[PDB]
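First, one chain by itself in structure tokens, the form deposited in one PDB entry.
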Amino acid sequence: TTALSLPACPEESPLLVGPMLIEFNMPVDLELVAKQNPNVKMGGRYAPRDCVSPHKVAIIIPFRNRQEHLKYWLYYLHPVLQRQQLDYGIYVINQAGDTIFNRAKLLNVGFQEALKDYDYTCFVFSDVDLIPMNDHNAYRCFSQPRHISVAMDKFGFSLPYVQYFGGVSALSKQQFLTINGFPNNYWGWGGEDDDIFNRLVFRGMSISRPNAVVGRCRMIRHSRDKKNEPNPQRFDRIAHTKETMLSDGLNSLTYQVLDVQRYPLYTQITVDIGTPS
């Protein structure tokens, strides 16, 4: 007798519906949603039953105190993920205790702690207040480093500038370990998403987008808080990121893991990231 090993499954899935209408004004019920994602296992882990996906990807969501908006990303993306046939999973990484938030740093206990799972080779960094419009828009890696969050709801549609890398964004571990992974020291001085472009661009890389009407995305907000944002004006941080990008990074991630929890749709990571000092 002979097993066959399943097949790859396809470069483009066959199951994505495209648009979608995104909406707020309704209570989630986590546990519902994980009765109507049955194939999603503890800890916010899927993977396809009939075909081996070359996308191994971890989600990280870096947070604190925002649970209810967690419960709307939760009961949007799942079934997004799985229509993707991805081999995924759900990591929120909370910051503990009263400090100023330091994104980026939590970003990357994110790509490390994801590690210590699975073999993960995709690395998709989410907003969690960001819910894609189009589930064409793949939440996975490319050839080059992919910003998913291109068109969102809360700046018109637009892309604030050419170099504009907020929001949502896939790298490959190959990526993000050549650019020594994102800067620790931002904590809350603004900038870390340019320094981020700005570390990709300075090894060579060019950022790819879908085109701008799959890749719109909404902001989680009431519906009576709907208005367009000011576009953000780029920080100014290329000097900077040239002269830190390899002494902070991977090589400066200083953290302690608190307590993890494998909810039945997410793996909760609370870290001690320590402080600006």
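Numbering follows the first chain given and starts at 1. Take the two forms, superpose them, and find the largest set of C-alpha atoms that agree within 1.5 Å; that set is the rigid core. What changes on going to the form deposited in another entry:
- Residue shifts between the two forms, rigid core superposed: of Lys154, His78, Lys173, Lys71, the only C-alpha displaced by 2 Å or more belongs to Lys154.
- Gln163: CA moves 2 Å or more between the two forms after rigid-core fitting.
- Superposed on the core, the two forms barely differ at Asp135: its CA moves less than 2 Å between the two forms.
- With the core held fixed between the two forms, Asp87 has its Cα displaced by under 2 Å.
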Second form
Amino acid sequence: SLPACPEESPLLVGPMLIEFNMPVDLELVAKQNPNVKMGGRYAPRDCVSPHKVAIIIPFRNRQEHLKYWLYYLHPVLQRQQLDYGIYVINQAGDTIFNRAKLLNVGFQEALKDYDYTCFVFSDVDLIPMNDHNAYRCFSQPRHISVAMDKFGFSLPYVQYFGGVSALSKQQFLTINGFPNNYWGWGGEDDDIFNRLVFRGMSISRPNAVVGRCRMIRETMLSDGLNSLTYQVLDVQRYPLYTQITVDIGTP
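May I ask for the structure of the form deposited in another entry now, the form deposited in one PDB entry having been displayed?
Keep in mind that what follows is only the chain, not its partners or any molecules around it.
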């Protein structure tokens, strides 16, 4: 019935100022984005998007950062004319953090809501400075956070495929998702760039200016999606996001 959305959205505004010297009230953010449905779900009214994107945020005790993330990304994602939903994967307990495992949980859980075909894995503390940085999938795995605010050496904050990146369902399934046994922060050695290589994939990215983000301030075949185990303890449908609280075990 509806027409397909254009290939490039005409609603983009380009670079935007990101400042964190202003308190955020999510009740106001919700009234500013009234087309977002309960649970953080949105689709264009005027056209059909081919981008069915689940944005997955690994999370634990970062509510202030999340307020800023929602305040800044909901307008961006709509301007990009995406058919998206927001899934916050909250790691229950005080175990060592396991980013990769939570991303696997988010993939499995988001698919219970809707047949997403693209998955954006995003740290809660990275805001894109230009809405030309598409939050969706490409013919190759996509690295969305390319460089940081002040355009310095960026590998510490984003590694090769960290910070914000995107994988289609097929790309995610080809590598059997992320590993589940990397507890803690391992740097550019725990980057799953290795998994993309084994399956003959490379990295796509925008240019470093469009890709700027600002900060709020083998074993593969057996360790991954097919061996994932976890227990969901809570699911909360807030106006602007879904939060899933899970027990992912211990190292």
